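Asker: Chain by chain, the residues run as shown.
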Amino acid sequence: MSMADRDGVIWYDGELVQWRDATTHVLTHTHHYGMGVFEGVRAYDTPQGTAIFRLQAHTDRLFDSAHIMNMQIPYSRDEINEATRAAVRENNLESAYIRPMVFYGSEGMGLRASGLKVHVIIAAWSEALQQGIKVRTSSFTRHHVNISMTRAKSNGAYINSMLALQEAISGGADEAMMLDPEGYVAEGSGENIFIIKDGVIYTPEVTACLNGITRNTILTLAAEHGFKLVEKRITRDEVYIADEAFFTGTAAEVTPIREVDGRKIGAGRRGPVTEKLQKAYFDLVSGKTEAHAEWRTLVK
Amino acid sequence: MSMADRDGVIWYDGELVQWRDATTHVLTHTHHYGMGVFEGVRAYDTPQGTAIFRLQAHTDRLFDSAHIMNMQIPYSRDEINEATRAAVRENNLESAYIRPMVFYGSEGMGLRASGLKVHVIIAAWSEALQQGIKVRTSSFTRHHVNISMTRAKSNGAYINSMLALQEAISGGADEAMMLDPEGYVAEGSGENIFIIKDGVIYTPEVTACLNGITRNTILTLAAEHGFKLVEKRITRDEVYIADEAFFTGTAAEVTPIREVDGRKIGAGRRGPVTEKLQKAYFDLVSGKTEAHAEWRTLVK
Amino acid sequence: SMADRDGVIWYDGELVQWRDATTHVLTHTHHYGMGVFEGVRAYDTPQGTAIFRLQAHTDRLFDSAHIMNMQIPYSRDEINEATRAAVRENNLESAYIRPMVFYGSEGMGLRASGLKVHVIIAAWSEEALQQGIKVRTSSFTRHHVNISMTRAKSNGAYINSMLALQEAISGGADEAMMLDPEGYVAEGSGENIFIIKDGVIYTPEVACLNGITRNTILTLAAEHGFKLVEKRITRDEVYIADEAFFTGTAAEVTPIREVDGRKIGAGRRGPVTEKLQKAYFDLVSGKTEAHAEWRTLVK
Amino acid sequence: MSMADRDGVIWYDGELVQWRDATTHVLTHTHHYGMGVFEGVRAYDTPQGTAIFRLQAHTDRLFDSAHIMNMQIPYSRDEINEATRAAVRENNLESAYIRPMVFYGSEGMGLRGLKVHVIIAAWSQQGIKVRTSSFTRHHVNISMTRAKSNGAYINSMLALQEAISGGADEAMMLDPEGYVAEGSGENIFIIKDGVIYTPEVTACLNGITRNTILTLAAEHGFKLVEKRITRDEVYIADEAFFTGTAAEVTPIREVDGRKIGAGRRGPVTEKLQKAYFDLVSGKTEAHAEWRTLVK
Amino acid sequence: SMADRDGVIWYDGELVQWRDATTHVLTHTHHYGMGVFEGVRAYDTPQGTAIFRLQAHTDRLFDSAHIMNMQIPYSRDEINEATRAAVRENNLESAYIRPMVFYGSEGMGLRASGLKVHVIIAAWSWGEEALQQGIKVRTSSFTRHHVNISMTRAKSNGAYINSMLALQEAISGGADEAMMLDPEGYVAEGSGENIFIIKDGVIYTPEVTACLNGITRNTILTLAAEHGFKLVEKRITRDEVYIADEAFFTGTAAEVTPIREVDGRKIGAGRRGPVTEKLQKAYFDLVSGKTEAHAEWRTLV
Amino acid sequence: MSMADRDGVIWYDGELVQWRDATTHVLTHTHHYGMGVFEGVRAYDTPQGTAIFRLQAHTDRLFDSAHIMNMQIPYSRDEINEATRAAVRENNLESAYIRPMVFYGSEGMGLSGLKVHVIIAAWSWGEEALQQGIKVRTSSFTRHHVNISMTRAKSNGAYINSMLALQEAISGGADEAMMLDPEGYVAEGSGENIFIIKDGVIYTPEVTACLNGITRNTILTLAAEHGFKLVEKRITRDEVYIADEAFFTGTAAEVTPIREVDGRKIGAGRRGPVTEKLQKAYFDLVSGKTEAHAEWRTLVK
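Protein chains in written order, with the authors' numbering: chain F, 1 to 126, 134 to 307; chain E, 1 to 126, 134 to 307; chain D, 2 to 126, 133 to 213, 215 to 307; chain C, 1 to 112, 115 to 126, 137 to 307; chain B, 2 to 127, 132 to 306; chain A, 1 to 111, 114 to 127, 132 to 307.
Everything labelled a hint here was simulated from the structure, so no lab data went into it.
There may be inaccurate statements among the hints.
Claimed, not checked - Here chain B is said to cover these stretches of chain A; the calculated rule only asks that three of the stretch's residues, wherever they fall, bring their Cβ under 8 Å from a Cβ of chain B:
id, segment
1, 168-175
2, 188-201
What the hints assert, rightly or not - Chain E residues, not near chain A, derived (Cβ > 10 Å throughout):
id, residue
3, 48
4, 49
5, 64
6, 76
7, 86
8, 141
9, 242
10, 269
All residues carry an ideal CB built from backbone N, CA and C; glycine is no exception.
Start from the sequences and build out the full structure, keeping to the hints where you can.
Answerer: In structure tokens, the structure reads:
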């Protein structure tokens, strides 16, 4: 079992190459120093066929992340949008996770970015949402907005998420809750966080936490459903006494939270607002409703 | 021009594979999330032959960095020590830079480290030292000791070093001076920093900076040459009014600093203490001296 | 003495005599501060003695216990009824009420395993309100949101408040202004802080306690057509404000005439402060039938 | 099972009161606001008899802590020392943990005429698992870190309870800067290449047990360094242990799932643990000033 | 030279000759930085030379003196009339005005007891390619002022050492201006200007916390609302500025100066953006009287 | 009563000028932006004559401060040393406080083409507070941040924070303030370095965010010469509360004992034994009663 050994094609520098041929040299610069940007995109089976959810937003963020790191993607947004569709279409996938990733090649081994060639790959492949997960606050502090570029989804910056996730798992939990350098709640290991108190939705301001696309989708869905939503600084004990809490992310969708640091969240099961938003988001991404058709890009 | 199209061998998981055949899949976990550890080792031409300078300290630190990241190196320290010498000998190198690197394989794409295979790679290949360099203080804050593991030499953590080095170069300088989150001088982008005032050597405490092996080596040489050395917190303007300043690193060796942020350092020239320590370090690594033979391991 | 009084104290389900409400000297909360409490007021209304926002104080008491992982052995309706009994059975026309939850004297370690949860409720019975008070910014930094649970009203957390208040008093002032770890204005020693500048009300965003009296002022400010903005405030921003005042359960609405020697506006209670102070007293005294749910008759 | 329903006496404002009768009113000021200071002292059985270890240092620190909180103890240091000796003697304790505690009475209920009460109560592995606390240790300008105050232990209770719920035994505290500060209630030490490293007394406790280890390390020829320590510097240390009055020397074999050294009690930890025990038990006549006979 | 020139300067209730507007070298504010000042512009309008937002600059001047416990020995009406006098008496068509409140040379200690307060108002006549093509900005390695170390709401004299250090750094790095970050790492302001960005048609500016409540900033908020632009005050990171569609500085002396590059990252297309051009044109039409609105903001001289 | 209407001379840009003639234009750049460096120097009455204490260290720190601020002093150290002695000699001062000050002139007005001017003024020099102890209140203003202001340079505009803190300590009933760094640890007084004694050992904050005071450096020398153990480390405010002794060091404050901090009595509330010996040693040194360290006393005539 391996992520490298499987059938299909991977979009690699403009061409569709076989899956096991999509390799890079062991002295690849991003492999050793972390300078790279990537995306996480999902394709869902809809009544209209396989559709990618908010492809343009993920492609724009990819270019934004590369622009932050001074990495010139040798392609336009149209080609990357088309190549991301091709990554799912040319594999005949009914539903997939998509990993567009921009990295520096194996041209040089120094810290200077000059001389390094920019490579782009796009790989696509096929109770947590029900009752709720267990969360433990991480002892590792979340990224500092002047140490790592928090608006960029960069490869090397995910060590902190991995350390925190391993700590949460070794502590008996399913996910970690990250605090910013100021001590306020920021996000999960790879998800944004929302809480509900007295029918009002609260979520941390986009300061140190990543401007999640699933987060933005729930902000739009909440307004359309008439929910009052407040962006403000949230403390860890404010999460303890919330009626509801859930995570948002491309991979996690809307995942309810039932316990943080041993504190039961409300009644300890998926709350009414969480279920309404979770259902609305799933119907949106799966094409169960004609609403927001501009957010669904058919792959074929 | 490329770092992959090369003639030679690279130590790849217990086997000496051809340089062009030392590849990994493009969905390598460390490639996407930066979770990995590496070292930077130099080999010098001594009167006794090609020797690796302080091989034991670099292998010990490599295992420390892996131990910090909960990465299990599937080889003993002796096996890594023997394989490091093999990367220099089997390539017929008179003087070499060695890059041992430990990374997670292309087994999974989730943030959980479970199921990931640990691979080990050891690749080896062949005026500023005498003049001194221009330095500019980085606007990017150095790593935070509770966000990144500052004692580990991890791959993904060097995004901050590349951002800083590019800023320094775009500003017309040669290197950046990093400040910790408290505003005190920490290190260079890839080197440790030292200053001299009234014949006393000062260097930042091993706090947010990497415990450099060249740093620790200079501590030994400074004591052998009768220089009082004090480890304390240093401010940027204390560097401005120092009599001397220099950088230490495996690649940088002993590099004098003639100017910081436009402020000339002393006489704007390699001062007496820096030159004596620089010659003492070069005589040590090239075997021109006699003592510390335990720090020079023959490669053949 | 606060122990030698005539009356009753609601103690673990029953009304005991005031001097009989004792606890052992090795009580866990007494040695480690792990406990939560509330400050509630009862006012005389045309309908009789009524507790102001009893439900909000009881809900916050349970929230503070939930934060500290303390299981209150009573439901919210029992605590609500007990709080009314603390005022009624003491024959109080207007009262301050102190519900408090603490760990008993079953152990002496830092672990909470085996500790019994006890609940007590004790209820007992002008120029500052009109002329304003002197405030000196505290040299003690206010609580850190990840060091202490700032949303919980915990016993041991008030050491910081006592240090700041005594510092302000020895400095010739009446109250202290707390700054958060980042240097922004947080609150007073035991009150929230508001400022007025060009007819707009500004208050720090919630390292400060989400005060119930602060919440009523938001409601009263909107009812009286006042624009209110929640944002980070600096100490010098207070110096140049037109008005400033504190808000708390025990202090109600206390104007601020001077901060750090800087005169605030005209050096006395301002217009907006007067109307909010008037609106708050009219609300708690039942002078207006509005927000009748916020006045629970003690009966 | 309760800490109140016990036999014995408790020193309570100058006199010896029966254990069950040593009570205070439920509106005690320290109970509601945390304004109080305390000490943890141990008595050990020595060949000369039951002896309190460093009674003078704990009593001095108790008056220091009170002084920090502007609390005037209504007794001199000699009276407190003698009362501490009596708390062990009059209970017929061969070895005891002693809890002197100073607190404000139930005179007022405001935040500003409070009476100061004093009580003194006395009663009778290869390494532990440690998890770093997600709670930050006390800030040196928010709470008085040199004073051993009652209300400041909420942070310790939250961290210890977090470590236990996570499957560990003790917590490791980080200061607001992210550097290793201490354990839940104990100082922390690490050993790397025969050298002892302990966090510089920043947000630290200035522990008396820590101060004795400095002396015992120097007498056993161990170089000791006080500096800032990071959490991952603990991961790669050869040894690690906690020091406290009630914990003495507790070895640390694992921090955040990282095995410390060989995962067992190390040589330096063993030598310092035996030296501390031989010191407090009076095995040798060394540091006799640090042992005060109870009788 | 700013001293050897003809003209008059308002000096403590009297108009003295420009070369005679002197103070002793042991002046307290000169040595310890305790003083407050303003930056005011006058423009040519169809009604004549008019000061832009004279009331807002005088009010803030008194606020800054109040923060520093400095008593201005004059009323706001007298300072308004003196600011107009510094422009009218000098026969200036368009000028920059420097009202400055400082402590005299009464004592040399750090205590303010005994120091007399002086008020000076000087006005003198007034880069155009940068105004239309954008400037190069480099983030400052010097951290912006801390809200509990210096009084950031006051426009104080000594607090501008930090601005000078950062401007010198940016210039030595090849750029025209510095971008300042607060102690927490978020974007605060330029060296002497407030900063704005545009992303998907929405204007973003740092919340008034560690930066100065700029009057030009307050004017742009009004001009943005009148043009239907959604404006959001929030914390901004340096890399959020990298990916912004537009960016520009605001200040009395800088007007609306677009930003084309930050830390080597091209800002959008690398030139003045559409939203910036509309606000810049609106600001010039406002201060020069091309529009009739906001007659309060143009005080004829 | 004023610091300008006095008889005597002031060294002003290479020449001595009459005291009342030592003026600068009111648009002086340092006057408006605080960018300038200065020193505080003392001349004492010694058996060999009026002598400046550590003239070289104060002149070297002035050039260090100007080097940090990128200010080019148009004069050399030898000229400044000679001018500093002239400022005392030519005024016939038996003892004096000297204020060497480097500042930008009135050439420009933006944040270039600025001329550097130098002035050195000297004037003749609380005794009950010198032998009994002062009251100290911890300042609510945070001390300077090592990356916001240049804490090793003695710059003009940076002393706003000292004035804000000193006024607070006085309005609270005290004589001096105790400053805490942005991390909460003890840094210094408003303009003095702070020392504490506990069990016969001297503790003082490490040269971190506080000023590397020359008087502090002399005490480290004198403490070593008296066999005292001295430790540099991070000190909390409550560590000062429980110290046996505490005092301030500075050029103007010399050695000032501290009897009370935040209402906490320091030890016995009077000048401790260690403070008295170090105060005696410092006064004997600067006044020439001890002939040791002859290079630290530079005769004026």
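Asker: A separate judgement is required for each hint: does it hold in the structure or not?
Answerer: Evaluated hints:
no., hint, in the structure
1, 168-175, "holds (count 5)"
2, 188-201, "holds (count 3)"
3, 48, "45 Å, holds"
4, 49, "47 Å, holds"
5, 64, "28 Å, holds"
6, 76, "42 Å, holds"
7, 86, "46 Å, holds"
8, 141, "15 Å, holds"
9, 242, "5 Å, violated"
10, 269, "6 Å, violated"
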